[PDB]
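Here the complex is missing one protein chain, while the rest keep their positions.
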Amino acid sequence: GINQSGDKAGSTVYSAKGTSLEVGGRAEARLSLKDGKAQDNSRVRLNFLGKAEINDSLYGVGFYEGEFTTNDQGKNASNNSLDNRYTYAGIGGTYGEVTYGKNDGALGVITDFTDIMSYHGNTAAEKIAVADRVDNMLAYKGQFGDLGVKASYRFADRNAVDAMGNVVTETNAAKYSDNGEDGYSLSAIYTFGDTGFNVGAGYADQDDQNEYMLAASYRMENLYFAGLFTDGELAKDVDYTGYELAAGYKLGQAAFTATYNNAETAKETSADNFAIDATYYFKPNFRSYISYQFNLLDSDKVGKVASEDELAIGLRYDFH
Amino acid sequence: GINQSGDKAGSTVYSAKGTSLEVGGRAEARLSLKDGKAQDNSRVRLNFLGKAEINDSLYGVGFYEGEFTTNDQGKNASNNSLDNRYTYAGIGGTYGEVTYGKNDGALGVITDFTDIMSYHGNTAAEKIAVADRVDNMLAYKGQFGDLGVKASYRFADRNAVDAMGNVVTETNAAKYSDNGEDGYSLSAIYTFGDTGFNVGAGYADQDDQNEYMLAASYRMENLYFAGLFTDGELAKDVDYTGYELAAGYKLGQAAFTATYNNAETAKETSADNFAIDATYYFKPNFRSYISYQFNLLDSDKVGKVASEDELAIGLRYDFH
Partner (left out) sequence: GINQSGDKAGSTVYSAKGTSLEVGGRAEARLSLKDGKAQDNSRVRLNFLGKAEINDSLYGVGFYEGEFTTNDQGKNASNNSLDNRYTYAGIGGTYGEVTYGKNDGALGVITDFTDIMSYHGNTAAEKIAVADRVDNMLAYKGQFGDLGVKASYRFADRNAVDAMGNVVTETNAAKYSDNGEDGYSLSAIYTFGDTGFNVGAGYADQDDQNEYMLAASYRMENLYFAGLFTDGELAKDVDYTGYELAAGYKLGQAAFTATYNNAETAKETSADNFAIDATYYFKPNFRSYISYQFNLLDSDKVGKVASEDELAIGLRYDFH
């Protein structure tokens, strides 16, 4: 719930004797304004979740989600835009859950500490693929008392090469190889009983990229505060450092949040944002919002386009 | 309903006190014959409608529709043909309904006066984008007594330009601009009590394009008559003028219709069609039909291909 931009659970269309199917997703209208110029960023999601009990401590699972968009640019055009965001199957029970296929890595729940806005935020906490969301990957999650644990491992992708090792078509190949894109990620979160305090940390590595994250949060009644720190290498000796702060509170159905994000890549500031929004929940599956991002990049460095502020206006319906 | 080619409403997959989800669409097999040569024009549609009541005079809505086709050309090929026809969210109530995202403009309900065939017709009533269906657009509709009103406004699309004003990548851009494709549309329909007589009119404008339409219809017992006139400019001094006539009758099940369509572009005849069909309704969601279009373009002007007649045969199943 606090991660406002994230998916909500869908609803049952059939069920019987331990086995069910839920359909979910959203229709979200989004208008973006930059320098008084408008862009349509609306999006639809559809998803399907199947779950089958094997016994009282064992079950199977299957999941798909797709995203659909348009880009007319002034004509009634044909729009062939599709993104298969999740494709996996898995097994779970007392020991937790394990899946294969495109699914989330371990660091998402860490970045969730400060990723609480409806449209903006989450600009200074980059995640590498194995830590984020990618296929050819085994993914695990589990909960033991007040400790939550996630982990993932990704295989390098098979390819085909000629005698010298250049990537080529499979018909013209001398042998199989791989792209060296194997990797792993790991994260842990401890909840201190009640009192509202959470702490979390994580690490990830893939090819010549690596990173770690530290985070903490306090939640009390209608108030919330959190902080997050990210540090690693994107390649070479290229350093990345990110800071995020977030605060939010609720008044009736209205939720209000603000974040500060600051990122540094190769010893220059690549992101510097203060953003604010307001979201009104008419119903659990119907909401409206408005958001503004103050861009603090220079404009002598960087440039005019990349230093522009942004206004966003949204209307979101959820299927469930 | 009289507009036979249009969508029918889908059916509920879950509900729970003012909130529902409906799934709909069609599987429509269509064979096209020209000069004794056959083409498969079959199509599938799937759509999802969510609706949530906020109160006795207020609700929210979200909608998506996609269309799916194949084009094998003699091989068992992979077919990645998708069209996202609708993507919008909106709010409605006592005063009517307003939406944002790709949805219909105002002139469709006007062209519906003569658009009554299962396959042919609707060839001499061109609609510009704001009047037809397009994104980055606010759309409104309402009904008050015997008066129906529709309206829409579309924003110009943001783009990025270099110092010289050339459209370029955002990374290579000196500033933001737009494509000048803003516009609007408006239409009204009046019903003369219970007399079966209807009149309608509309207007639309976008960049160097504009148009207006006038229409009238009469319905009595098992008979229907209608006329439609379209006039405007597609650009420069490129004039467009369109005339359509339609008549139909019903006998038990199976419906019979005929239309005449005639269009003139740049002071030359660009469309000239007389068409007849028969459609048999086995069930409300299962029908068959057959249609023939007499092409009356010359062949000395125009050409042999563009002056050919067409036979069409269809079988349509609707999901509900």
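A few notes on this one:
Chains: A and B, in written order; residue numbering restarts at 1 for each.
The definition used in the following text is that a residue touches a chain if its C-beta (ideal position, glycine included) is under 8 Å from a C-beta of that chain, and two chains touch if they have at least 3 such contacts.
Among the residues B:42, B:159, B:191 or B:269, only B:42 touches the chain that is left out of the figure.
Among A:50, A:96 or A:303, the one in contact with the hidden chain is A:50. For the chain left out of this panel, the touching residue among B:69, B:172, B:195 or B:222 is B:69.
When the full complex is taken into account, the listed residue touching the unshown chain is A:91, out of A:2, A:91, A:216 or A:311.
Summary of contacts with the chain left out: across B:2, B:31 or B:290, the touching residue is B:31. Among B:274, B:292 or B:319, only B:319 touches the chain left out of the display.
Within chain A, the residues in touch with the undisplayed chain are 13-14, 19, 21, 48, 50, 52, 54, 60-64, 66, 80-84, 87-91, 99-102, 129, 132-136, 155-158, 160, 170, 173-179, 181, 206-207.
In the full complex, chain B touches the hidden chain at residues 11-13, 23, 25-29, 31-32, 34-35, 37-40, 42-44, 46, 68-76, 78-82, 282-283, 285-286, 288, 304-305, 308, 315-320.
The criterion applied here is as follows: only the chains that are shown with their structure count from here on.
Rounded to the nearest 5, the angle that brings the Cα atoms of chain A onto chain B is 120°. A straight line joining the Cα centres of chain A and chain B is 38 Å long.
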